[PDB]
Structures are given as structure tokens and as C-alpha cells.
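Spelled out from the first residue to the last, the chains are:
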Amino acid sequence: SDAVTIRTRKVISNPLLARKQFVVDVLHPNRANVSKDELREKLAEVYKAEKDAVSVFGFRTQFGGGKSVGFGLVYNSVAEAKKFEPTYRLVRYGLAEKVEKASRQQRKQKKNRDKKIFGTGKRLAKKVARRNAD
Amino acid sequence: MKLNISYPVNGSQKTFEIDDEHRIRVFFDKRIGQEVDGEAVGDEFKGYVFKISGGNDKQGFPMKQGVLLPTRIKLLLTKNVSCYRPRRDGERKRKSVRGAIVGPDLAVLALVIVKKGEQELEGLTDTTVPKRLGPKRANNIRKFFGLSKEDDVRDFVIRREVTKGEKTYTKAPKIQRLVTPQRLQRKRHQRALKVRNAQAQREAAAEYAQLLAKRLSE
Amino acid sequence: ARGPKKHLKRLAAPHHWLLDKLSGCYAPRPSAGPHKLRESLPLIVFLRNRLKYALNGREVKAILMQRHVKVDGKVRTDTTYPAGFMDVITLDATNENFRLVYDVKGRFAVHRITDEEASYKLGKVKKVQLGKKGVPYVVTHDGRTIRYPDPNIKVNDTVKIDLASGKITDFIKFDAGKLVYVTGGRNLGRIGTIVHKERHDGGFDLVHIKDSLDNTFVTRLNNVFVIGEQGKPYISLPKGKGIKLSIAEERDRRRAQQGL
RNA sequence: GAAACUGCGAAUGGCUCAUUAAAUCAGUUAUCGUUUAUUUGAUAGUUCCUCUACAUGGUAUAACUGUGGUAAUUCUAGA
RNA sequence: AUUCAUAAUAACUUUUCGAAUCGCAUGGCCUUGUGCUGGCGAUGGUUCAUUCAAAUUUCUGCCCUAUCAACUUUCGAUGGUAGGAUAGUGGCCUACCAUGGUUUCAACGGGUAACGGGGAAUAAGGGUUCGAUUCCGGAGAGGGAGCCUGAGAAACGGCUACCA
Numbered sequence: 002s003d004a005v006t007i008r009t010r011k012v013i014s015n016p017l018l019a020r021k022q023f024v025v026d027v028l029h030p031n032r033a034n035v036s037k038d039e040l041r042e043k044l045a046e047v048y049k050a051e052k053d054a055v056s057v058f059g060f061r062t063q064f065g066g067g068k069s070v071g072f073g074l075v076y077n078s079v080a081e082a083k084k085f086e087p088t089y090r091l092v093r094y095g096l097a098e099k100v101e102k103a104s105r106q107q108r109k110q111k112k113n114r115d116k117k118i119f120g121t122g123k124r125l126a127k128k129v130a131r132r133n134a135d
Numbered sequence: 001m002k003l004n005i006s007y008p009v010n011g012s013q014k015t016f017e018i019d020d021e022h023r024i025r026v027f028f029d030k031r032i033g034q035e036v037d038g039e040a041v042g043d044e045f046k047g048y049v050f051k052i053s054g055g056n057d058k059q060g061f062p063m064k065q066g067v068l069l070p071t072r073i074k075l076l077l078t079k080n081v082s083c084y085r086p087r088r089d090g091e092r093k094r095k096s097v098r099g100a101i102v103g104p105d106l107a108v109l110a111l112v113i114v115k116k117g118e119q120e121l122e123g124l125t126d127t128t129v130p131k132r133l134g135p136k137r138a139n140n141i142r143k144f145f146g147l148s149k150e151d152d153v154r155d156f157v158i159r160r161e162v163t164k165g166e167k168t169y170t171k172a173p174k175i176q177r178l179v180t181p182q183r184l185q186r187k188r189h190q191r192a193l194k195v196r197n198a199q200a201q202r203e204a205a206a207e208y209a210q211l212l213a214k215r216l217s218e
Numbered sequence: 002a003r004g005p006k007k008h009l010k011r012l013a014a015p016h017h018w019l020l021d022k023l024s025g026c027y028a029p030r031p032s033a034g035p036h037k038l039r040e041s042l043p044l045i046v047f048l049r050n051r052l053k054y055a056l057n058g059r060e061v062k063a064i065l066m067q068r069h070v071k072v073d074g075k076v077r078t079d080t081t082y083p084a085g086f087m088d089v090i091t092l093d094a095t096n097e098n099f100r101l102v103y104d105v106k107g108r109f110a111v112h113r114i115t116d117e118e119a120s121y122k123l124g125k126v127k128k129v130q131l132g133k134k135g136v137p138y139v140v141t142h143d144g145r146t147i148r149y150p151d152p153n154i155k156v157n158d159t160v161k162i163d164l165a166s167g168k169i170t171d172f173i174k175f176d177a178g179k180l181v182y183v184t185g186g187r188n189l190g191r192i193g194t195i196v197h198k199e200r201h202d203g204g205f206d207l208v209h210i211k212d213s214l215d216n217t218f219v220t221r222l223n224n225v226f227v228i229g230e231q232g233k234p235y236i237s238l239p240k241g242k243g244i245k246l247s248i249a250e251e252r253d254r255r256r257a258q259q260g261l
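Residue numbers (the entry's author numbering), protein chains in the order written: chain SY, 2 to 135; chain SG, 1 to 218; chain SE, 2 to 261.
One thing to keep in mind: the hints can contain errors.
Straight-line distance between alpha carbons at most 27 Å, and here's what the computed DSSO-like set of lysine-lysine pairs gives [what the hints assert, rightly or not]:
| no. | chain 1 | residue 1 | chain 2 | residue 2 |
| --- | --- | --- | --- | --- |
| 1 | SG | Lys30 | SG | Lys116 |
| 2 | SG | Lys79 | SY | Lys116 |
| 3 | SE | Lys22 | SG | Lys214 |
| 4 | SE | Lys198 | SE | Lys174 |
| 5 | SY | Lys11 | SE | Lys22 |
Since the hints were derived computationally from the structure, they do not count as laboratory data.
Using the sequences plus the hints, can you model the full thing?
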């Protein structure tokens, strides 16, 4: 393969969020696919963007290969890129960390078990220790 | 028949065990609020006077103030009364409860000391416990320490100490209902807002009236 | 059913929101405010489905709650604050001003305006009354009430509230020879001049309106909104100036568009 | 920043079609026959007063500490 | 279209409301007192309007059955007056008094394997059949009744009683 080409269309400036929104389309006549991080770096060197401050999220390849169309947006000043952005995408680009939590059933069971305790249960714990002691 | 004794002068609490039917016979047919003597219940309790406060039967149901006929009856309890705590607004469960007249079927009876005897108790009179929390309102601070109206009670507040693992530091309650420049400023703003709005209304009404008189000069 | 209603499903939203019937099973449900939800436009619809600024619901939540979008010169944070007709929604970080004026076809339009003229707003005075303590007060279609109006402001008429403190400036009468917007029923969004008003006692005084191109029609008086002298409206009219083209010449001009 | 007090919500949803034959329901009116938290807009110089806190009145009570019963309940008793 | 809006007089009331709340800012004045004043907001607050609603409501429209031709009024059925009760109209109830009200233009009764509508099938038409079911409206949480809280519930992932 010789090259892909990335064209940005319908560019909208959104100063309400300090960002620019656009529809990327890439012509990759040979390779297979997009290699999305290469597009992030390419859009970084297109405007001036420091590629950890960009995010392209929507992508789908046209029928019969070659053309892939998606939606992508650039934030200036990567602090706002961490600010006005959903957490799943920031984890997806490695600029955040996924928290681990128990699954929905365990959380619901724990909430509906400590709905049966009034107060801290320190009196209940002390009382049950004393009352099964003798 | 266990006996939960309390001494509220120092706030000490204990449990005692009496297992003779004849040394407990004086306790029968008294409601809560009555007063008994410590003579026939114990030679250790000579001179002590008790008030009957509460208790629980063999099944563990409590006793309710007021109800006679020392049996178990079901009552529809509402908010802000003993023996019940509501789960949502206006809930009134029918709970079963025991009569306040003390009979032989009681399992635990709880008493309050009202006059200490000539001798003392090892775990009750000797033991004393501090109150957990000092006063929080500023006038309650003044009433607790017996202070003046010009005393600046912020310096009398109790500062409880604590060590995290080594680095000791103290904390003190935030005083409530205090004279403060913020409150005086807010009161000043309230007065100024009222008078300014009223004057604006008066002058706009005068302008409307003179406009009407100007219009009706035809 | 035991109380009020808080949900508004898709297929039950107002049709002129142009909400896609798939991709979601609920509609914004404009919360209570100045306008009826059947004839309003929430902030989320305006900012999400018209200017394409936000993409999700939380996106426009984060746009609004940074204290940006002002409706009638007052900061709104609610996603479904019901911005209605003749409202003057403004955006600070882009230095842009808007005015909700109905499109010719019937739904809401996005009418850009200068910074001047965005400091006033017309309102159809709907009932004038001697209020409490003997003061007179007018109340218009947008829920505004104004105390001490001029005695010549009568019912079904138009006043001009600016934005600053109310304080109604020069107002309009209601007769023949006056430009008129229409905001309800089949003849929605059509601008013309009153030629005749027939008053039926008992209800629904129909109005005869003649447009720019001599297509007369009639509406009920509830939908009439007088906007000033013929040829001199006090606002900027939307694109096309409200003509209601028939579909044949709509085809004609649309293929006239095609080709350069 | 747990617990608990306070405020709000829990009267929306979601499910089903047993009842119901001018009943429901649809279009069309009415409220000069009324209730409405909320939202939006306006709105309140007048209060005890012929001896007085206004640089600011008072009580509780939870949570808490520690004392207990009941086989058991989202049981609760007394301090 | 009014005994409307509103205003006035005479009073009346277990005298309702008229801010003892909170955050962020450190401005201004001098008699320099830690004196006077002042911003940007938050939360309440009586009434009126508005919005979300609610509740009653005018006209007209439903499937089969005459082997259902008289029905309603002892125990409100239709109307009058007055009261009570309700958010309020109203026989909604009560006291008294009138003898009315519906119908072969199908009353009343009976049946429904009946929730109603937007709608679906069926391409000459009109029609014949369906609509429990994605939207609108009603009703109900095993059957009934009652009720607290609340702006809004005769609520049942609220309570009480009875029945199974």
C-alpha cells in the first residue's frame, strides 16, 4: 500500500465546549482498515493537537473496502479534554483508569442488606457478640 | 428475673440477678412511675429508693406507659410515641405490647435510682462516666459555664484531643447561633432591600398617577 | 391516574420537534414554565437537534450548567426549560444571539440576529386587569406580567418588553393595515395584513388576513399575533418572509437551486 | 466524608384487560361551578407598644456512649 | 353577559403571613469604631397571574336479544325551598312539600367467549371480519371495605379489619 488520506468534512467549531467537531473519512485503497491511533496522530499533526488531546469515536467501513467514514472531534488544551469527556472513552485512550467494582447483583444485594441495619450496627455487633458469648 | 439498674447522677448502668420469689414479692402490682424501697429486695440495697422505669416480659415485648391490665394487648401505634419507630410518613403498625403493671411474668425490670442508700455500689456508685458531648449553642455555652452577655464564649468551648497514630491534634464543635458580622450584614441588607423596594413602588405609583392626570386633560 | 405525568414518550411529542422515531423511546418532556409543552421548544432539543453543538443529553447538561445559555437575559440551567415563541436565547462564548420564530412550513426556525435588536421582545398582551391594591397590570402570552401600563393597551394586542426591567416601550394597536404573524392551526407560520375581523359573540372571532401575494385566508383570533405596521415589522422576519409557496413552485425553485 | 435529623421524591413508571353496554371512549364545548406542590412574572416601610434580648429567646431528641430482653421480624425497652 | 376585577365603611378571628436561615466576595465612608454602609447568589414566604395538571361538564355517536312491554318511587325515583357536606356545581344527603321522569324513535331487563379509540386484514366499489397487544384514555393489584401522610392516593414494591 502507498498511503491513506484523511479528509475532514462538516467542521463545526463549538466554543461552548472549546472543541472542534468533524466527520473524518479515510481512503485506504489497499491496507485493510483504519489503524485508529494513526488517525489520532495524523489529526494531531493536521491542526496542532497533541494526540492525547483528540478523540475519534465513530467509524464504519463502506461496503467493498477503501473508504471508512467516522466522527471525530478535537479538544484544545488536554485538561479540558479530560474535563468535558466521558470516562469510558478516556479509559479507552489510556488517559484515565478503569475502576473495578463488584457487579450489579452484588452491589444491589449489599445495598438491600444494609437497608436492614439502623445506624452503624456497632450496638448490633457488640450485642450479638455478647449474646452468642453466653 | 434480671434487673437493669441505672444511676443517672453519674450515669452508671448495671445488671443484677435476683432469683428468690420471696425477696422480690414487694415488686408486684406496681406500674412504671411508682416508687419502691431497696430494703426487702436486698440487704446490700438498704436505704436505696427505686422508681420503676420499664422492662420486658419473657417473650421480650416491652411495657407501655399508661396501659393497665398486666397482660399482652395489641395497639395501633403512631408517630412520636414509645415502642415504635415509623418507616414512612403516617405508617401506623399494630404492635403487640405489655401492660405497665408489673406481674410475675416479667423477665427483665429496669429501675432508676432516686435516693442513694447509706452504703454504696461497687460497679454503680463508684463508677462514673463523662457526658459524650458538650454544649453546642452559644447560649447553652453561657448557661453551662454561667457567663455574661459580654464574655465572647468562643474561648470557653471544649476542645477534644485525638492522636491519629502519633501526631496529636484537637477539634472543637462549631458554635451555632452566634453574633457575627455576616449576620449583621444580612440583616442590614434585608432592611435596605425592603425600604428601597417600597420607595421604588411609591415613586412609580406617583408617576402612573400623574400620567393618568396628564392623559385626562382633554 | 393518581397524580401528574412526568414522562413524555416518543410518538407523543409535538410533531414539529422533528424527533426521530427510532434511536430512543422517550421525548424531552418540557418542564413547566412560560409556554405550553405542546407549543414550546426545550433547551435540549434546540441545542442538540438544531445547531448540532451537543451530541448526547449529558453533553448539553455540561454545556448548560457551565452557565452559558441565557433565555430572555437570564441564565438557565435546566435541560428542558421550555423556550417558546418570540424568545431571545443567547449564547455568550460565541457572541451569537437567536430569536425563536416559526418557519414557513410550520416548525421552529433558527433565526440569527445582531447584538442590537436582541435586547427586546414582543408579546401579545392577552389579558389586562385592575390588579391588587388598585394597580393595573397586563399579562401576555409568555407569562410576563407588567404593572402600570398605558391605558390604551387593550386585550389581544401587542406590547414590546425589552429585557432589562420590563418597562414596556412603544406599543401597537390592533386593526386593519397591521402586519400579523400566525402561530396555530393549519395556517401556522404565515405573515400577512388584517383586512377584516368579524366578531361572533359567544366565541372565536375569526380574522380575515391577506398575505403579500393576495392569498386571503381566515384564522381564529387566538393564533393572530400583530407585529406592527404593514411593511414595517419591529423584528427581523425569518428567511423567505412568510409566503407559503405551493408545492409546484416549491419544486420549481428547488430545481432552480440545482445547477451552480 | 459513614450514620442520623431536616427537605424532596416514593401518586411517575412498568404490567395486565377481570370488571364496565350511555358506563368507558372519540370529536366538540364549559367552569360567570372550582382545587393545584412545582416552573415562570409581579408582589409585603404599618407587628408588642403608656417599663421590653434584636450585636439575635427556649426546649428538646435522633445519630452517638454505655445497660438489656426476645427462638424469631427492617422487634425494640429503660439511662 | 354578572352580586366581576377592585375600592370604602362597621366590626370579627383558639390572629394566617409580614426572613432569629445559608454560601462566596472585602467594596465604600470617615468621628477610625473592629462604627456606619455595600455586592453577587442560595433557600423560604402571603396573594394574584402563568405552567403542569385535576374534577365535574354540553351536543352527537356504540354488539346481539321482544321466548325482555312496561320500567323508576316502601328504602330519592323527577322537581321546589332551605340546610348540611364537599375544592366546588348538583337530590350528593337530610327536613318539609309537590307527582313527576323514560319508552315501539325499543325504555327497563337479559347476553357478551366487550375495556374504548387511533388502527389491521381484505386491492372494482360499497362493504364483511378483527383491534388482549409498541401511541392516547380508563380500570385493577387474590376479594371487598376503610384510612394516615401529602399539592396530588381511597395508594397496595403504605397501614388497619374481615374472607379465602
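Status of the hints after comparison with the structure:
Note on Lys30(SG) and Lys116(SG): the hinted pairing holds, with a Cα-Cα distance of about 21 Å set against a maximum of 27 Å. For the given pair, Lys79(SG) sits about 21 Å from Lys116(SY) by alpha-carbon distance, which is consistent with the 27 Å threshold. The straight-line distance between the Cα atoms of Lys22(SE) and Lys214(SG) is roughly 60 Å, outside the 27 Å bound, and the hint therefore fails. Of the supplied pair hints, the one linking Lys198(SE) and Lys174(SE) holds, its CA atoms being roughly 14 Å apart against a limit of 27 Å.
Between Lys11(SY) and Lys22(SE) the CA atoms are separated by roughly 25 Å; this keeps the pair inside 27 Å, and the hint holds.
Checked against the numbered hints listed earlier, the structure breaks hint 3 alone; every other hint is satisfied.
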